[PDB]
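This document opens with one chain alone, in structure tokens, the form deposited without this ligand.
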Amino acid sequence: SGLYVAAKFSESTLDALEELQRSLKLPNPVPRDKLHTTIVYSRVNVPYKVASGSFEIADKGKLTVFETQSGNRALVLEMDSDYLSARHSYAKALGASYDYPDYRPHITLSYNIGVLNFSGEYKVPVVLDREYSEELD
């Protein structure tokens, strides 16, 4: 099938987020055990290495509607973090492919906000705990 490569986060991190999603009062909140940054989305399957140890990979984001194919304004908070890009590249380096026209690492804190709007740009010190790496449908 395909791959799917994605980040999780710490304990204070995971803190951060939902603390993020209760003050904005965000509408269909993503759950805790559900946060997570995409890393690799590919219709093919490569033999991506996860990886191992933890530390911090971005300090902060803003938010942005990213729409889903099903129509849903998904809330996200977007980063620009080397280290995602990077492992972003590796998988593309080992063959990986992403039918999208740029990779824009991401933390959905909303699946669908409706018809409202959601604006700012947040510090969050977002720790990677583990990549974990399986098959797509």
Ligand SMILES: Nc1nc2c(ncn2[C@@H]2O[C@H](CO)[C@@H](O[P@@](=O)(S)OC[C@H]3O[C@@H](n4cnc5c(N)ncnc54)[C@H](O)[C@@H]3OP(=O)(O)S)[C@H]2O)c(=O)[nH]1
Given for the second form:
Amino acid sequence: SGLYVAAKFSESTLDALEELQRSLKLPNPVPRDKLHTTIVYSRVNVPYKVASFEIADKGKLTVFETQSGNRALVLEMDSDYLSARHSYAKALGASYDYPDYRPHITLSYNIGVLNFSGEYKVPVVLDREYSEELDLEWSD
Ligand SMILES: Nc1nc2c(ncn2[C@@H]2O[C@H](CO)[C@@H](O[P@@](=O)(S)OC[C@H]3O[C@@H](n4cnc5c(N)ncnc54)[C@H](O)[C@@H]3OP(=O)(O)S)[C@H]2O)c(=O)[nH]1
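Given the form deposited without this ligand, state the structure of the form deposited with this ligand bound.
Starting with the chain above, the whole complex follows.
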């Protein structure tokens, strides 16, 4: 049920993200295959039509808590592309679980007690969007 949509990244973007994870000595890094950015997180399903663009060129580190109560480190971006794709889903009827869509790439879903801050230049190039059912229990 529901609908989840995310974007996957080009090889060069993935390399840069992994370099970022290594630079930060991040615990529980998201594995390469699981790096993504959510576009839709909807409890209702709509006929969202999935999509060489750089979609973002920088981001800031932000800590978000997860459902399980762990601390996740994300690279939070301003992305006109991702925000417009999120709004397309909304126009179709999709729901979202936060008051603001804040596009991000989760770098670790469990950073323990550590703290991080920074502003990075990362060329974020999308390879493809994918859609599937909403998996409330998804993990990396
Ligand atoms: N305060 C605040 N927190 C925010 C804000 N935006 C987000 N967060 C939180 O940040 C967490 C760390 O990412 C996060 O924790 P979750 O326990 S709900 O993570 C579960 C995660 O599974 C991912 N996933 C992969 N595939 C599927 C699938 N098929 N269905 C469902 N999920 C899927 C997905 O990536 C997703 O996280 P996401 O953040 O991309 S929506 C959020 O709750 C905000 O605006 N504000």
